[PDB]
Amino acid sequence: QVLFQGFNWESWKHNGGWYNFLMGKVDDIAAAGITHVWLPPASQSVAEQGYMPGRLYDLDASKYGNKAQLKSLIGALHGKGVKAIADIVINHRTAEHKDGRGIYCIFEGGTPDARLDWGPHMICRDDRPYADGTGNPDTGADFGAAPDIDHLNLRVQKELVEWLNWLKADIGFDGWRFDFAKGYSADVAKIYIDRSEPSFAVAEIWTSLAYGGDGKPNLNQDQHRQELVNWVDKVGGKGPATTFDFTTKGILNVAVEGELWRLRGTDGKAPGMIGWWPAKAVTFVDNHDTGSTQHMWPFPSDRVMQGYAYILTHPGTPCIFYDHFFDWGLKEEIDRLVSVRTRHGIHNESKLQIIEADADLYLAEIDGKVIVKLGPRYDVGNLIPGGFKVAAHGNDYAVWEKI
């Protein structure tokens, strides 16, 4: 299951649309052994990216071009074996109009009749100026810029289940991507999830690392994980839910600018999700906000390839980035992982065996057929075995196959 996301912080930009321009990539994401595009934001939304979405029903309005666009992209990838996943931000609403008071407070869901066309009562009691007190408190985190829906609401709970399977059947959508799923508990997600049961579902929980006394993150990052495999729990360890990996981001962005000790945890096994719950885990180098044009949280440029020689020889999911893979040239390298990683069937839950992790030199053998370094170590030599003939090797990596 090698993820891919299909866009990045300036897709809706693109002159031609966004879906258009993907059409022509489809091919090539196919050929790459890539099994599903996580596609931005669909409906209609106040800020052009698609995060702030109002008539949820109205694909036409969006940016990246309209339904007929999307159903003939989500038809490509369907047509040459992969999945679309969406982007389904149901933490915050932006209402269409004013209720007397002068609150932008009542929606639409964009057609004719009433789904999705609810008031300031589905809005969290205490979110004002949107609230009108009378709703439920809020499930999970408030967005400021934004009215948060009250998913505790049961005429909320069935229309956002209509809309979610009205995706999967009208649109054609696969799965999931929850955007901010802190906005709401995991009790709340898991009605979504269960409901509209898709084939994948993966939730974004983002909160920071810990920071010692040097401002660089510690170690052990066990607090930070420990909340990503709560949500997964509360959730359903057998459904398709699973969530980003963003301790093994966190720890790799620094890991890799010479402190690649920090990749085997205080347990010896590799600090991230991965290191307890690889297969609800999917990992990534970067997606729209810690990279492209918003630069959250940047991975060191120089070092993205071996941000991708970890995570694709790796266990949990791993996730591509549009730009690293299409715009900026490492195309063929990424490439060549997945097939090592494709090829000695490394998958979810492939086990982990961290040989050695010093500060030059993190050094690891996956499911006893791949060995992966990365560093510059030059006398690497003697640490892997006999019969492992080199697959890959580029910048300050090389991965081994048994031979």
Given for the second form:
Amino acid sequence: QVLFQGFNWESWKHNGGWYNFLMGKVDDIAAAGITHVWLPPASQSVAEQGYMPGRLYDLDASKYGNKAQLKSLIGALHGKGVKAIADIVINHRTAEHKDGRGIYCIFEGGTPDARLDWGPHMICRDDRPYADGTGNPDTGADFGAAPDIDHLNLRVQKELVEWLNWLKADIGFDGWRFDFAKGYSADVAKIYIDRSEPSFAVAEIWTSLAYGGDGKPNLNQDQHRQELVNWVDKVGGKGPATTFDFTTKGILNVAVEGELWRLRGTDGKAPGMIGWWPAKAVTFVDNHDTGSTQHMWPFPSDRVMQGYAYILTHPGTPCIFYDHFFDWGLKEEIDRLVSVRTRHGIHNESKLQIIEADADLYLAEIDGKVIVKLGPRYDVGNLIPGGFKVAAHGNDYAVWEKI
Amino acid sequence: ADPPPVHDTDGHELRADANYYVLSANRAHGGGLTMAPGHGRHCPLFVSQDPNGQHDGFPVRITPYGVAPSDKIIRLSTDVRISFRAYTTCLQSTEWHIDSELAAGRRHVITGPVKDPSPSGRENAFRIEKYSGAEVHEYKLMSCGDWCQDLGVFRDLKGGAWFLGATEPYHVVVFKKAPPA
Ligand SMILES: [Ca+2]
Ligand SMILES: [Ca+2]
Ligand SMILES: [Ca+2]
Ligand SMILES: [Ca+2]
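Got the form solved without the partner chain; could you also share the form solved in complex with the partner chain?
To see the whole picture, the full complex is given below, headed by that same chain.
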């Protein structure tokens, strides 16, 4: 399985609707071997990109397009055999009306009835000025720009699960990506995952890595990946829940610039989440926050193919970013890499065997079928066993396949 | 008043006539706040974070948004202005304010004169809030001009140092009582 993020921070501005534009990309997306497409938040939102949702049921108000266009897009993907996952933004919500205090805290679901029609009682206790102090305290981090939803309130859970089931049954989404998952407890996420029964689910849990006095990440990042593993275990290690592997992304960001030794932990295992629980980690090079037009934690631009050579051949579930595939002229190289992974049966739990990890060389063998090399090291032929032919090579990367 | 007070590491409330170091709640995230040039600019200085955990940085002065003094206590969810109580080579105001321009496509909180004042003039308005619904005394800072935006620090050394700005992950802070200056 390989994920594809089908939008960037600028998609909402697209002339003629993003859903419409994406229709012309489905043949290419399906042909590359992509199994799941992550679509942007679909509902009405004060912020154009959709991360400040108001009327959860109002899909027609989205900058990406309307409900009809969304359904056709998902229909085309399903026909092609690819699943669609929705970006679920439920830590916070924006209110439709002002209450007596003149505070925007009266919500509206987007239907003529009372579905999702909450008030300041559903807002987390201490989230000032929005809250009326009657709700329960936040189960996780607060999101500063908007009212945090009190997920301990039973009507909240009930009506949200009902919306999730609607997204699935009516719209046709197959799974979820939980935005700002650190905003509520694993217990809370468990309720939604269990009651909506998605086929796939991935949470966004982003916390700082551990740093040294030099201003760069520490060699060991166990505290960081432990936090991701702890969440998965709480929601259900046997279910469909996974987490984005921010540990690997943070390490690869700097390893790629002449410090490839960072890619081998003391135990000879991968340093990120994939080194402990690959089945539950989804790897990536950049997303709409880290890269795109936000630049929160960009991968060195000239070395992105090294990032793709790593995640596309390694354990865990890789996620390809829109821009890199279509806008950067990397499509052919990326295509080839997914093909190598697909033909050899490499999956989220493939065995990783790190052969070398020098400053200028990272050499690893996976499932005894594929060997990947990152780095400028010119000749490494002496290190690659017999019965291995070059399958792909590019700027500071090469991959060999057996037979 | 209504909002609970902000507490320092010794459990006492924050006073508007005292200096405090703004440290990371988890030392793995680095040391205290300070000022540093970067991104090609010599001045004004950006609000930076010292990567070294043992470094307390520069003491800060937190003040109720201009016309709000009362009991000298600093409370949560309330407009506040912040200044580094330190001397700089730029010889400019050492008060914080959100930048109107992007540096490397990122919005940072800087120091010195407000280049392009908004009609509201709220570039220098900040707020201290609890990071989560937990009882622990761990906070986060927000820039509140038009809307409130949580602040985090760019730790990738782009521009020459770690800088405070509008970005994830939000920086979870703790306040240590600093000596008078
Ligand atoms: Ca309604
Ligand atoms: Ca909030
Ligand atoms: Ca976010
Ligand atoms: Ca929350």
